[PDB]
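To begin, one chain is listed below as structure tokens, in the form solved without ligand GTP.
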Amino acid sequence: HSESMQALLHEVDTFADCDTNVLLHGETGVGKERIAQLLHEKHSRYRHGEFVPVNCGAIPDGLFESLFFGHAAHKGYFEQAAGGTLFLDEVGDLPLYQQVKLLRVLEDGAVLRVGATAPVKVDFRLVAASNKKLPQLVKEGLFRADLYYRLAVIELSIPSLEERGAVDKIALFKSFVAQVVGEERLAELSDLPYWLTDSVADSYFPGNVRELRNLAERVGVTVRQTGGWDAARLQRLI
């Protein structure tokens, strides 16, 4: 692993087993959800609940209320994460009105389903994530200050693939390839071609770890279905 990842996983070890809100920073495909699931697993109480991941940028306005608060019948995100961890990715993509609704839930610790007269108490660990500079968005009026100040307590920055370096890239790539082909079969094949791992090291991955895993998956499939390293089919992948 790289120094950056060791420091992050160290921060995770330090701040996981408490009830404080966490804000994750990092590019898309960097592993923010996985880090959130790690915070979930490592919390002595909330581990017994469900992990509920939400992409706040992929929610049409007409469905926000139903998807978050549910219906008197549908169980919304908040109620789904009761006693567990709620993961709000793309939190900056929330419109102001939805930011307010979220804040009220965090403040009041309750949810009113659409059609109900009685609110239901909810308790979840909150992990929010963003690839934007949230303080700039607050200054610009695009993100509510009060919501930010409630969200941005524990802050973790997850480094991109380029920041993690070539050493981490290859170790991830080889790890992924092994999981796809199978380590037993990988042992019966020739060694992983030097030009291939060297290509991975010298490649930039805008889609970060997710993109790298896609490449590894495509490599692995070629390997499994041809019983070796087809230099031609592999070259087409880079």
Second form
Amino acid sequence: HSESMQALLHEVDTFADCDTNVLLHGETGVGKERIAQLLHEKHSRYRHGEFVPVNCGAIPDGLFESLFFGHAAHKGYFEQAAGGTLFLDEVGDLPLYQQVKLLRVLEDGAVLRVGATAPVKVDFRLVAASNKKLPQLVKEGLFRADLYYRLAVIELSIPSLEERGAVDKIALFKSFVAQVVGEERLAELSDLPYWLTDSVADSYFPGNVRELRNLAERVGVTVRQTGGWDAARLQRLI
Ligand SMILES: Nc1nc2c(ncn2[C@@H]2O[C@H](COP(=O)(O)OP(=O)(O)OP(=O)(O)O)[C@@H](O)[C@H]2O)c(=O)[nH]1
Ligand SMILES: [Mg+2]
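If the one shown is the form solved without ligand GTP, what is the structure of the form solved in complex with ligand GTP?
What follows is the whole complex; the chain from before opens it.
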């Protein structure tokens, strides 16, 4: 890995095993959910519960209540993350009202299942992630200051691929390709063409590691289904 990743994983080593809330920063596809899964499985207690991922930017207002609090039957995300870790991706995309309901769950430590009269305690580790400048959203009143100061305790910054550099881009590409083709079959084929890795290293990935994994999956499947490195087929993919 590069220096950015080693520093980041060092932060993870320091801060994984404790109950404090974590806020992850980074562009789309840098690997924020992977980091949250790391934090989950390096927690000594919460590792035994479920990892519950939630994209707050794909929840329609009509279903927020059902999806988060459940029904008296449906189990919401809070109760699904009992003894585990809740990953709140795109937390900045929450509307203000849903921000307030979340902060009230976080402060009181309980949820009311829709259609119930007694609230039920809840215990989970909170990892939230955003790709936006949350403090500046708070200055504009698009994000609530109470929720922010409750979320933004352990802050981690996940580097982009352009920050990680060409050596890390090429190593990620190669391990993804090897995972798609099989290291043993890769051994029985020609070497990976140099123009391919050069092209990878000199390309900008807006989608960061998601986009790069997609490219390596297309490459690996082409190789797997044709039995070699077709330069026309591969060239089409760049
Ligand atoms: N091997 C490996 N895979 C990685 C690494 N970083 C990211 N990935 C993978 O690349 C993809 C990135 O997806 P996520 O981790 O969910 O990305 P994200 O940053 O949460 O994206 P957003 O949902 O847009 O915030 C996944 O398939 C990850 O497992 C890395 O350092 N090593
Ligand atoms: Mg995600």
